[PDB]
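What follows is the residue order along each chain.
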Amino acid sequence: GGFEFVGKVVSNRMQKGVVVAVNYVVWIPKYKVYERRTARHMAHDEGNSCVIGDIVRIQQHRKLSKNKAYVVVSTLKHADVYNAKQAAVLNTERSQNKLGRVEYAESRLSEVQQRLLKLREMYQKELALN
Amino acid sequence: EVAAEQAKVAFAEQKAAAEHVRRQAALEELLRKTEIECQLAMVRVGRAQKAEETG
Amino acid sequence: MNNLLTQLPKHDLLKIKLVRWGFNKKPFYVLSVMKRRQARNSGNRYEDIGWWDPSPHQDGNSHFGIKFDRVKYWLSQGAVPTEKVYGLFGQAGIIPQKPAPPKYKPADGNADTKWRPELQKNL
Amino acid sequence: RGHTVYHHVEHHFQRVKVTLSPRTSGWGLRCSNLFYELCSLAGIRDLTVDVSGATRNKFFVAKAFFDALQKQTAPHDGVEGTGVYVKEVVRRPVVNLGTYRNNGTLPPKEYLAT
Amino acid sequence: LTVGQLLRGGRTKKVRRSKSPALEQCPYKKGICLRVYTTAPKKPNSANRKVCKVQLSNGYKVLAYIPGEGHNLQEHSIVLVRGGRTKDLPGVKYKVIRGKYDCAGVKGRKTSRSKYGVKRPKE
RNA sequence: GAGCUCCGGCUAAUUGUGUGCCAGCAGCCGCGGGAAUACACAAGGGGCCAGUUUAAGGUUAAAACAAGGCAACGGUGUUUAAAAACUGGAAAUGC
RNA sequence: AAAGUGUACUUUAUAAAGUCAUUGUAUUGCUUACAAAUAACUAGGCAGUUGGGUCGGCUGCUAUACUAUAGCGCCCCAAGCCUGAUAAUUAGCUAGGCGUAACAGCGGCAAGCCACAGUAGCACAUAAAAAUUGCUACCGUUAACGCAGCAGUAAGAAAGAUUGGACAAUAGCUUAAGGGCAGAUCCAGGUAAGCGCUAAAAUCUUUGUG
RNA sequence: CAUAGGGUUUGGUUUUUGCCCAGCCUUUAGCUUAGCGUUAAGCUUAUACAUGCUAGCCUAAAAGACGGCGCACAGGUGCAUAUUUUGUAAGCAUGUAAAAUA
Ligand SMILES: [K+]
Ligand SMILES: [K+]
Ligand SMILES: [K+]
Ligand SMILES: [K+]
Ligand SMILES: [K+]
Ligand SMILES: [K+]
Ligand SMILES: [Mg+2]
Ligand SMILES: [Mg+2]
Ligand SMILES: [Mg+2]
Ligand SMILES: [Mg+2]
Ligand SMILES: [Mg+2]
Ligand SMILES: [Mg+2]
Ligand SMILES: [Mg+2]
Ligand SMILES: [Mg+2]
Ligand SMILES: [Mg+2]
Ligand SMILES: [Mg+2]
Ligand SMILES: [Mg+2]
Ligand SMILES: [Mg+2]
Ligand SMILES: [Mg+2]
Ligand SMILES: [Mg+2]
Numbered sequence: 004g005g006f007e008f009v010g011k012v013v014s015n016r017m018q019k020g021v022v023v024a025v026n027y028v029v030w031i032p033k034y035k036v037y038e039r040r041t042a043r044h045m046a047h048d049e050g051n052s053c054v055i056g057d058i059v060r061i062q063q064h065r066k067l068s069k070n071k072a073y074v075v076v077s078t079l080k081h082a083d084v085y086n087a088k089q090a091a092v093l094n095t096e097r098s099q100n101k102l103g104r105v106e107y108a109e110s111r112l113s114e115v116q117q118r119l120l121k122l123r124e125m126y127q128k129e130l131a132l133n
Numbered sequence: 120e121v122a123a124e125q126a127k128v129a130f131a132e133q134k135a136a137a138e139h140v141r142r143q144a145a146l147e148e149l150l151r152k153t154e155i156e157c158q159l160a161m162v163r164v165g166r167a168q169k170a171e172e173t174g
Numbered sequence: 019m020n021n022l023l024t025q026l027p028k029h030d031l032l033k034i035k036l037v038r039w040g041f042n043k044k045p046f047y048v049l050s051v052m053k054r055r056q057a058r059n060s061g062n063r064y065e066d067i068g069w070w071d072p073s074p075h076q077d078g079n080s081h082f083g084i085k086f087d088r089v090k091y092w093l094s095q096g097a098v099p100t101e102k103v104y105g106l107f108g109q110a111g112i113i114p115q116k117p118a119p120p121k122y123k124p125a126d127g128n129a130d131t132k133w134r135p136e137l138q139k140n141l
Numbered sequence: 078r079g080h081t082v083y084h085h086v087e088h089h090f091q092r093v094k095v096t097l098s099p100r101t102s103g104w105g106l107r108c109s110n111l112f113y114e115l116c117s118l119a120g121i122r123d124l125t126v127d128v129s130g131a132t133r134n135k136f137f138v139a140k141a142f143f144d145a146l147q148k149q150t151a152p153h154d155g156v157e158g159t160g161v162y163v164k165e166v167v168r169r170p171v172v173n174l175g176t177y178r179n180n181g182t183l184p185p186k187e188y189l190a191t
Numbered sequence: 002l003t004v005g006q007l008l009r010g011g012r013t014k015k016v017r018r019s020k021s022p023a024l025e026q027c028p029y030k031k032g033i034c035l036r037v038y039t040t041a042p043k044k045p046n047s048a049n050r051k052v053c054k055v056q057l058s059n060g061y062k063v064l065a066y067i068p069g070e071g072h073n074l075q076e077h078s079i080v081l082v083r084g085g086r087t088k089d090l091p092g093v094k095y096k097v098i099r100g101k102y103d104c105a106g107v108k109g110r111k112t113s114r115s116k117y118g119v120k121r122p123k124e
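Chains Bq, Bv, Bp, Be and Bl are the protein sequences, given in the same order.
Just so you know, we're using the authors' numbering here: the first sequence kicks off at 4 and counts up by one.
Just so you know, we're using the authors' numbering here: the second sequence kicks off at 120 and counts up by one.
Just so you know, we're using the authors' numbering here: the third sequence kicks off at 19 and counts up by one.
Just so you know, we're using the authors' numbering here: the fourth sequence kicks off at 78 and counts up by one.
Just so you know, we're using the authors' numbering here: the fifth sequence kicks off at 2 and counts up by one.
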């Protein structure tokens, strides 16, 4: 076992290195339950640009150092990073204009109707494929 | 070797069938939830008109 | 428990040997594929292939069982039977009989009593 | 059939617990001496009985045993309303996996099929 | 308990003490008598029961009761001790086996001779 | 046939003599203060049997995952609470 | 390779063969993951410590993979790594096995793996190897020896067998002249696990007499 | 191949908790004990050891190992070891690569 894992990035402080957390369960014969446990694995990152909080896939590889024997193969999800410049633009748009009770409610209703209509078309296409 | 090759083809066919089932189910749930949201939106519009009169 | 070995020896020979599985003065043997240099009844084996009962029965015969297909397989790989196993295979017709060298030593006059002090006490 | 119970029975008389387990015909009786005498009177021939709890008062123990026997249900209770034929069948009972392993034996082939 | 409590060492096996701790899980122990005297039992009994203080080969000192009618034990006498408690004597938890190295059997005993170290009369 | 042990109750198996809270017995409840089926002996009987009866260890006679309590005694002074486990919810403003 | 090769060795009016030396398509392999007793009246641990770069890491003699286990070692560079960690107590492990309806609990037998040979550090020995191989210091007896190889002796302990026979069989070492070696092993002696049988005679067993 | 209880706490009853006994398996001690065949076995000390034995066989550059092959096999113990180990699973590049057959 231990050929492949999917986990979360918890440390990117090393050069071309990363630490990934893994979850697994163990069977306890006496109490007839599965016990949840955790482990930490160090993996090699050629890109050297990982972010703490990413979901990545690591694979078994030749030993590279004392505690590094895995290589990062792919990223399944990218962690969110705060950007002040983008946030300031959004705040300006929100403060640019304001609507009344009725206008805001009518706008909300129209937006939902348009989203619902597109979803119905997609569902019909899926049924046609079936 | 011949048996192994057939198994790989069988696995690919089974995976494709499973994905289609899940995709349809997800769309069905999403459509139902959106309909509920639309009904609440129509109710809110009526309250907004009523509240404006009080102001 | 007694998982059979899979890797072949690198510095020793494979042989087909007799393993003593009898009782007091009631011998019984099992044929197995084992490393040449080991204990007689060691648990390290590649396969068990047969059995032999050397004593006569009411019908006046000895009884011997063997796997015909597996004996050929191991003989092809390089397993070397011992002297007694050659005799069993020769009589059973699995392989031709192996000739023996000429003998000159005066045979032993006390072969069934020399090693049994109980008889010598009566003698 | 006049020798055992219809199914498993568990009864809770005040501060006493009694359990009854059916057994195959001819197996025998496995119970305490008091219940052995009671089974002889009623005619029960094959059964397993286990009693636990506050068993100091033997009047309650006997009363609990009496009430348990009266909680059985029969295949012919209101059979006219079912619209079917309730037929007796022959099926050998099984034991747990541990009992097979310790005895070095196998279960019915219908379950070992692979 | 909950599942989490059970997993984190919730249950601990009950521990029970021995009744003859001085024997160190041995059926018997040899010793040498230090003092021989008599003691009185607790209520409601009344008697002068014979006891001796023995130092065991492991260095422990215990009180031992001498069964039977009469004894020849003195100070500096080798005896063998076993388990067994005298209920009416407080603190006495061991007994002396009679008939062994120095202790002798009760004179005149006719019944249960084995428990008092008396041989069968040949006459 | 031959020995070892037991015969108040749990537990299959009793009478006599001696002793008189003395000598002693005892796995538990307990026996012995001049009328002892429980001490010692004799007889009779029960069990096992070339074995038998103590002592000392493993496990069972549900320590409770199947399966115990906080109602005989045990829930801690109260609240807040980024681990873990389980898992959607009805909050904010104004005279 | 249960093989080939030789200006080599041995035997033969009878000869087939073996002995010794040498030879293999890369010329004897490393790494990772999970499980397995108590333990917080053990709360901090680590600085070669965590990661990166150059160099070294030998025993040659197909070609590429841009060097193709490794802080394994030196130098340099960046500050990271672990946190029921670190430190303690106890135990050889697996398993046969014994109790139990099971779950659980405990650890005499046949066999497999690991460690050790009075204590400790080293040299050979890499790949299948140090009880019966060496060097040094130390401990105990007397320059030597260390029975946890078989039998045996002394002390200790409630409790531990003969200073026996044989290589006839099974397995092993050597040897082409058919032999040699052997406390493995097979047999016997001793000790009330267990299992079986005997401890009384009968037409001198009508399975007889003739 | 499938789950058995009894005794005890002295105004009575009910209820809670503790204590003791009956089975199977294994070693010693007392008393006692005819023989033959056979199965499974040697359960405390890595305490100190008189004596005998357990690995040798073959060959020869002048009658001799200095040379070849074995002692890398068997047999003993559980001091140390909580993981260095044990029990398992997984990973490790290429049409094995050259040459006019013009
Ligand atoms: K007495
Ligand atoms: K409680
Ligand atoms: K308080
Ligand atoms: K050492
Ligand atoms: K020992
Ligand atoms: K050679
Ligand atoms: Mg019960
Ligand atoms: Mg008595
Ligand atoms: Mg009676
Ligand atoms: Mg009595
Ligand atoms: Mg009496
Ligand atoms: Mg140890
Ligand atoms: Mg050493
Ligand atoms: Mg060796
Ligand atoms: Mg020594
Ligand atoms: Mg010895
Ligand atoms: Mg031979
Ligand atoms: Mg005895
Ligand atoms: Mg039983
Ligand atoms: Mg040679």
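Keep in mind that the hints were calculated from the coordinates and are not lab data.
Each hint should be verified, as a subset may be incorrect.
[To be verified] Restricting the straight-line Cα-Cα distance to at most 25 Å, the calculated cross-link-like pairs of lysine-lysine (BS3-like) are:
no. : chain 1 : residue 1 : chain 2 : residue 2
1   : Bl      : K44       : Bl      : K88
2   : Bl      : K31       : Bl      : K15
3   : Bv      : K152      : Bq      : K121
4   : Bq      : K35       : Bl      : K111
5   : Bl      : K116      : Bl      : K51
6   : Bl      : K15       : Bq      : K33
7   : Bl      : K88       : Bq      : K35
8   : Bq      : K80       : Bv      : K169
Structure-based check of each hint:
For the hint linking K44(Bl) to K88(Bl), the alpha-carbon distance of about 11 Å falls within 25 Å, and the restraint holds. Restraint check: the Cα-Cα separation between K31(Bl) and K15(Bl) comes to about 32 Å, which exceeds 25 Å; the hinted pair is violated. Of the pairs offered as hints, the one joining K152(Bv) and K121(Bq) holds, with about 14 Å between alpha carbons and a cut-off of 25 Å not exceeded. As the CA atoms of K35(Bq) and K111(Bl) are separated by approximately 63 Å, the hinted pair breaks the 25 Å bound.
Annotation: proposed proximity of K116(Bl) to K51(Bl) holds, straight-line Cα distance about 17 Å (limit 25 Å). As the CA atoms of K15(Bl) and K33(Bq) are separated by approximately 17 Å, the hinted pair is consistent with the 25 Å bound. Using a Cα cut-off of 25 Å, the hinted pair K88(Bl) and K35(Bq) is violated, with the two alpha carbons roughly 47 Å apart. At roughly 46 Å between alpha-carbon atoms, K80(Bq) and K169(Bv) are farther apart than 25 Å, so this suggested pair is violated.
Of the hints listed earlier, those the structure fails to meet are numbers 2, 4, 7 and 8, in rising order.
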